[PDB]
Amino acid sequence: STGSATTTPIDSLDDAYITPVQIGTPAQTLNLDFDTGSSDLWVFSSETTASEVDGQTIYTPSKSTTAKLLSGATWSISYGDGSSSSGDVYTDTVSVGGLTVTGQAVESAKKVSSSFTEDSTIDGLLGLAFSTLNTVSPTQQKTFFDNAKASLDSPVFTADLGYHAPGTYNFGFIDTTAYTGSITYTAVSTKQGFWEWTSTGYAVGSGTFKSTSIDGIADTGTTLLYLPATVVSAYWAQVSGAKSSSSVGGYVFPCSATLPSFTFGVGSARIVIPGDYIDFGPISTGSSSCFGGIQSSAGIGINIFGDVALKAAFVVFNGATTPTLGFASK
């Protein structure tokens, strides 16, 4: 089997991407944030505290003939941005882009934090990291990918995120029309439950490439590119008037600037992030200070190749017995 679904930016900045997902029988279509940095499929639901729902589409298990309570199971998750959610668990039929999994754990939110409530466009998350990170207790549950894997034509999914445009998540096949050149594969460590890999270095603009190992994660659920402070300082030093602002919470730059590209290494290959991808616009409406898309990881504990980086590539998440990541230009 295969599946193919379009993923759409939630706003003009590409702050996140939503992908329609069919849950239950008859189908209830929710727009979920596919997150390669977490491992829970959770949704706004008929159980979510009413004051914490503001425009989201909800899953109502009582209207699904295939929903079953997963008796005794709870979940609770906290993300890198300080957001959180928790609740109970149903199993149900879940389809993505024509690929169906029966018996998928659908984590129904009873509570969500303010950032989820305030984002009316995101009806929940679909985690695509390793199932060792799934938070369901007392019986950990599998991701949609892990449940689909044995049925897929190839044990892979691909992320093809757009810049200010829709893109695609594919499951079970590699669309050889979706990228240019060849795919460079690189080793993955699953030790922390992430798609964790080591970039071979970077360049700023037209500058020379610096060969240096940067361990980090491929995380579709993170907007920006978070890298070591040395790398980030080297980038922003090439933008007149850029500075790190403790009041704003990262590097800002004059909105009048033209940003340089940023290159990262994948083995001997190179992915170029155009400068425009690194512009996240005014810090507040009408400001002439703009927020940067490359930020320091120093206060995180891990480097994150978030959407800023991933949207410059066609990315293969290879879930074979020995997992690997692949990157191609496009």
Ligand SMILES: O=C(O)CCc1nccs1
Contents of the next structure:
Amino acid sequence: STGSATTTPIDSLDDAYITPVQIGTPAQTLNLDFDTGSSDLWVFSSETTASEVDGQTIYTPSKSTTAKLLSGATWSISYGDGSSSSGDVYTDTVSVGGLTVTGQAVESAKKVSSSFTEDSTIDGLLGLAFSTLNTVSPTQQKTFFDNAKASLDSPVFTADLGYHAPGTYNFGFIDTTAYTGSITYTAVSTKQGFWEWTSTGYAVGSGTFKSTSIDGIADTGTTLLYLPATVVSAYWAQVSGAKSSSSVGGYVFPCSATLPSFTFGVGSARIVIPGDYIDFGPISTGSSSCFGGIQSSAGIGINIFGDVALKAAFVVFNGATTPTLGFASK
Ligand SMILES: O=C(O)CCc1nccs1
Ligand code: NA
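We have the form solved without 3-(1,3-thiazol-2-yl)propanoic acid (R9M); now please give the form deposited with 3-(1,3-thiazol-2-yl)propanoic acid (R9M) bound.
Zooming out: every chain and molecule, the one shown earlier first.
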């Protein structure tokens, strides 16, 4: 089997991407944030505290003929940005892009934190990291990918995120029309439950490439690129007037700037992030200070190749017995 679904940026900044997902019988379509940095499929639901719902579409298990309570199971998750959610669990049929899984754990939120409530465009998350991170207790559950993988033509999914445009998540196949050149594959460690890999270095603009190992995760659920402070300082030093601001929460720069590109290594291959991708616009409406898309990972405890990096590439998440990541230009 295969599946193919379009993923759409939630706003003009590409802050996140939503992908329609069919849950239940008859189908209930919810727009979920596919997150390769977590392992829970959770939804706004008929159980979610009413004051914590503001515009989301909800899953109502009582209206699905295939829903069953997973008796005694609960979940609770905290993300890197301080957001959180928790609740109980149903099993139901879940389809993405024509690929169907029966018996998928659908984590129904009873509580969500304020950021979730305030984002009317995201109806929940679909985790695509390794199932070792799934938070369901007392019986840990599998991701949608882990449950599908019995069935896929090839044990893979691909992320093809757009810059200010829709893109695609495919399951079970490589679309050889979706990228240019060749895919460069690189080793993955599953020891922390993430798609963790080691970049071979970086360059700033038209500068020389610095060969250096940068461990980090491929995380579609994180907006920005978080790298070591040395790397990030070297980038922003090439932008007139760029500074790290304590009060704003990171590096800012004059909106009148033209930003340099940023290159990262994947083995002997290179992925170039255009400067434009690193612009996250005014820090507040009407400001001439703009927020940078490359930020320090110091204090976060891991480097994160988030959407700023991933949307410059066609990315293969290879879930074979020995997992690997692949990157191609596009
Ligand atoms: O131009 C603005 O609106 C803020 C300028 C800044 N002052 C301090 C941090 S960022
Ligand atoms: Na922000």
